[PDB]
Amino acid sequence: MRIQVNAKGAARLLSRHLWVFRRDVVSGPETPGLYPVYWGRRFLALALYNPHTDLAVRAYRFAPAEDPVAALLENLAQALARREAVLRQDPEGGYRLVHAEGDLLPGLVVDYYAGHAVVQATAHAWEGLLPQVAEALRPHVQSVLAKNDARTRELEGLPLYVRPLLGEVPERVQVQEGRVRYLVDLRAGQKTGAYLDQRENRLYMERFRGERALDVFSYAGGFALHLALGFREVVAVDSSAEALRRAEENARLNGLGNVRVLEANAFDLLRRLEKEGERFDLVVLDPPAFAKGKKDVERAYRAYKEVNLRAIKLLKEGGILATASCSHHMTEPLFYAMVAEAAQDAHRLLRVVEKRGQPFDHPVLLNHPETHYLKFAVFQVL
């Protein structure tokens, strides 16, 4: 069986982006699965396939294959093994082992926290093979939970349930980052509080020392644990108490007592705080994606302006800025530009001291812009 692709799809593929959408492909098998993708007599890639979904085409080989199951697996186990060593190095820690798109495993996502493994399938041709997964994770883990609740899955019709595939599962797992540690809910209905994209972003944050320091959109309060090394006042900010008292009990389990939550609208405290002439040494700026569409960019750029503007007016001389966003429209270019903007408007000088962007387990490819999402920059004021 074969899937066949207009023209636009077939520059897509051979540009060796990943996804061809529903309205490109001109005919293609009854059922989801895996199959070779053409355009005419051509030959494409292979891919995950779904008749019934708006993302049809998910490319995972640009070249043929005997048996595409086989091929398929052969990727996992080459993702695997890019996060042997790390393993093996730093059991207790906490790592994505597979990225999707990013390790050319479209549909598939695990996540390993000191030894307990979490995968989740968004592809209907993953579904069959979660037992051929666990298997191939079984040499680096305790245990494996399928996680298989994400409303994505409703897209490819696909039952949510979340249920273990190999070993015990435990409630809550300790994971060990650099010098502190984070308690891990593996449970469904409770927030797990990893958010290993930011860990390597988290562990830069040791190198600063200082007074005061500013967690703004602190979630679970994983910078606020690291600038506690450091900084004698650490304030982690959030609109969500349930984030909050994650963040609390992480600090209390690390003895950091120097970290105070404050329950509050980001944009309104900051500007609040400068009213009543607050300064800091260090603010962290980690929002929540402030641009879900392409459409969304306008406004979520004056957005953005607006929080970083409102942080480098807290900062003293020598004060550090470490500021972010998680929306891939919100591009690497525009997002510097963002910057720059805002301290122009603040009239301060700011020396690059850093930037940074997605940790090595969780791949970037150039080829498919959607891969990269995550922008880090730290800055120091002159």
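Take the two forms, superpose them, and find the largest set of C-alpha atoms that agree within 1.5 Å; that set is the rigid core. Residue numbers count along the first chain shown, from 1. First, how it differs from the form solved in complex with ligand SAH.
Large C-alpha shift between these two forms, rigid core held fixed: of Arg279, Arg299, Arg82, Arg207, this applies to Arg299 alone, with a displacement of 2 Å or more.
With the core held fixed, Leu349 shows a CA shift of 2 Å or greater between these two forms. In the core-superposed comparison between these two forms, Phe290 has its Cα shifted by at least 2 Å.
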The other form holds:
2 protein chains.
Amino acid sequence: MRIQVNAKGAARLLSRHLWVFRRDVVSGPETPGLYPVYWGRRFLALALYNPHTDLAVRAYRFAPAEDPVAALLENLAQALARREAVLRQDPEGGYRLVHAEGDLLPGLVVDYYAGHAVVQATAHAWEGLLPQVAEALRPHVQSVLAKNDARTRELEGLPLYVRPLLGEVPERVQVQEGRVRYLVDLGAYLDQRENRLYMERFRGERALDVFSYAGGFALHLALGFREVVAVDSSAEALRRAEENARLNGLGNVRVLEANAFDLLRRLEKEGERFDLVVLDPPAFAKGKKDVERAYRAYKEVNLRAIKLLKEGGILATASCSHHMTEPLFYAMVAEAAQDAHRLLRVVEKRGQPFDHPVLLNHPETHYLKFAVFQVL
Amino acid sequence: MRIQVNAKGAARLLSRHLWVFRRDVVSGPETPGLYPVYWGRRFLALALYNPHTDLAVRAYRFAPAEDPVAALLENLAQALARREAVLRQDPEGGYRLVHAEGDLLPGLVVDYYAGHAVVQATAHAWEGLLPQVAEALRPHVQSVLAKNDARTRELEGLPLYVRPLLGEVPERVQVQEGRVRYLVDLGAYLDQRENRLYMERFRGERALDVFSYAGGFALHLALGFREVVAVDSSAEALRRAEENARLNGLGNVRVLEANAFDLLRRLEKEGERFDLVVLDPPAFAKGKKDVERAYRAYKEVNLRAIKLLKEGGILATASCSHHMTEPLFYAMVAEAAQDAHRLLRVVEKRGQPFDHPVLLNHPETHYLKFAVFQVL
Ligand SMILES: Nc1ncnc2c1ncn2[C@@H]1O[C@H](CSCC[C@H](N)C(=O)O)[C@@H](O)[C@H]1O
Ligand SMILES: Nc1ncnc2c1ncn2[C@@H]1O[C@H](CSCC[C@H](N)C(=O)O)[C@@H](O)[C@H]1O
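The form solved without ligand SAH done, now the form solved in complex with ligand SAH:
Now the full complex is given, and it begins with the chain already shown.
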């Protein structure tokens, strides 16, 4: 079987982007699987293919190989390899083992929560290879969970479920993130792992960790701040926080359930002023249409946090959405510091950690933005 | 005396940008100096003012102070302070003491080359304060040179010259940059200091440091690469390189005078292939008009270096021009890796070191872009 694509799709794969959408496909196999892609009789790549989706082709190799399935399971080896050296030098931390496209393993995500792996396939061809994927994980895991309930799997013609693929997987587990530890529900945002560690270098009296979830940022901040106030919407989240709090021996970490948009503008009126504020909200946009409205949401919250800071305070602001490009994200923060009539010096601009790889030729692998500013 | 500005200029200073151009000024003192700025009878800031230039106002304080000259010399203290802690923990390295606008000291630049300071005033009001500036520098320098030959000083109505402002300043001096040392002509690009140190983590056979000047990158690379080949135009530059080379005890550092644009496309034909390439060209654009042509220049050289790399090699590419914004710079590198049909993974994205501060509300303080990619 061969996948044929037009001149547009051919150029995309030659520029090294991995996706070819349906409208640029001419002919393709009858069923989902691993097939080679051509532009006439010129080989372009090997790929994960689905004939029933707008995103039809997902390249994982740009050179012909004897066995397409071997080549794939090969990328998985080299992807697990790039980690290991770190997996044995900190077997208790939380790291990503496979970051889909970024590791040339499209539609596959596999996270490591200190021994207990969690696989996540979202491309049809993977579903049947879950047993091989698990085989490569045993030399490092104590178990493997298949969390395939993603609503995204429905577009692929895949069933929604969740269940073990090796050993026995607990209900939860603790992760050693630097000088602190946290729990995961076999919940954890490994993307901000190294940015949370960055925050340990700051000292001060009051710190306000907004959109904190389980208080990942608060635990690190509690080590250098008199008081820390983790804020969130889901009461279930703040709870995991208090739990992570005591588990570390931290008393200076009071939580506070509420809607950040009301809590902030309010704290500004009551005269509340902090030494460091961390903002780490969620997408605010599911589609290219939310970009406009999302921009305002992000702006408000940042404008507000800036006003809550004392002269000299630190602002750590972030975004994880693929709809909030980096130039936009930074434009917004400047729009916020502008309206606030406050001058922010740039402390540092960070992105995604090494275990969440980014491919230049494939923009969609780049979503995390993390910046640290000092108000003057 | 008071400086009056229209509604546009008033908004610029309220958004915390420091410049107000001539067309947004209503009334101002008869001669250059330090005056307060108002929008009607509403105080906006203190500033360095020149009535004969398009760039009329340069804010250095956004609050009224008893003594405008004291406030200025105060910013200078807090600017020298932010360094010192580092100046005593590495008294032999090269650091920037004053980065103009970024330190709220407009039109003033003062570099430290291991004890020997070099001041550079480009705003008229500073010229008469050079003696006070030098006073704040003695507690740290062995001398102070006034390199005021910048062609830019002519717009300000200032004379072009160069001469000592304290002690005796040598003809040259060595700087301790990490695990290597280099010479300066009382020549040195302190902006790339911390990016050169970053490069020490790489190992490999052949490394090609293009646009190297005195071989700052080559000296660091020689520590982990079999051979290193510093390239440049000015033969006088490569010479300082060989000198810096032997001074470190490095034999694996051959230089090569030539025009990078010819040398690269050529090396591609001769089949030359490297393990790491560093590109650190100059502006390529003096004005907003060169942006178009500059873009192509930057693109070519990057496209070429990418083709010279082996599968797995590292590319460290940079830009120091204020006309090549960051999104443009990264677009160009993607355009290059695209045309090259090579897939580049992002190793790291860095900017300017702490001693070359950037102000969010004032874009012109941000010019350095430094990125590291791994070809796959
Ligand atoms: N409108 C809203 N107001 C306040 N918090 C919200 C919100 N909408 C979502 N959130 C919370 O924002 C959080 C984003 S995830 C936070 C990640 C956390 N800092 C870590 O590093 O682990 C979620 O926990 C979510 O419950
Ligand atoms: N057309 C050209 N071809 C090759 N090199 C050039 C060039 N134009 C300018 N250069 C060289 O590019 C260099 C830019 S400065 C290099 C900085 C150096 N890497 C350091 O870290 O100290 C200068 O030394 C300049 O002489």
